[PDB]
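Here are the chains, one letter per residue:
Number of protein chains: 2
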Amino acid sequence: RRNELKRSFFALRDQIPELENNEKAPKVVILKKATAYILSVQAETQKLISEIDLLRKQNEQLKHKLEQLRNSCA
Amino acid sequence: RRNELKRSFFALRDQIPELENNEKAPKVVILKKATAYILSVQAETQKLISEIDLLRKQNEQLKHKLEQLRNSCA
Ligand SMILES: [Cl-]
Ligand SMILES: [Cl-]
Ligand SMILES: [Cl-]
Ligand SMILES: [K+]
Ligand SMILES: [K+]
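First to last, the protein sequences are chains A and B.
Going letter by letter, the first sequence gives residues 225 to 298 in this note's numbering.
Going letter by letter, the second sequence gives residues 225 to 298 in this note's numbering.
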């Protein structure tokens, strides 16, 4: 119904930090800023993934150095 | 413009993985899947942050062991 459409616009609006609980936010703004927010959080996801990849590489290098020194301690 | 409103529904649809871009999704379906996708991504972001925090701890523990061996090996 149209109750459900209004309800669903509110619920989407409220996952967008810039628009949460803004009673003056119109439909087209909610749709476009939601689309923008999805892209923005994907960008942040990519940064986190890159950070993990770097930490894993560092983890592997450290473990390699640890093994080398354990075998070279005398 | 209701032309812009329609375009904006479709552009949001296009960013939602579980909605096929070649299929005409109802308005409430687009809204609800967008909301679900944003919540799901935010949860995954928290999981990525926890992975990063664990890797940083693991890497500090490895550096600590490397320091101990450098100090105590011959
Ligand atoms: Cl409106
Ligand atoms: Cl519809
Ligand atoms: Cl609908
Ligand atoms: K609310
Ligand atoms: K040595």
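Among the clues, some could well be false.
Same chains, same label: a pair holds when it works inside one copy or across any pair of copies.
[Claimed, not checked] Taking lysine-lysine and the DSS-like style, the derived pairs with C-alpha atoms no more than 30 Å apart in a straight line are:
id, residue 1, residue 2
1, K271, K257
2, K287, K256
3, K248, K287
4, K287, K230
5, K281, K257
6, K271, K289
Everything labelled a hint here was simulated from the structure, so no lab data went into it.
### Hint check against the structure, violated hint numbers in rising order
The structure conflicts with hints 2, 3, 4 and 5, although it agrees with all the remaining ones.
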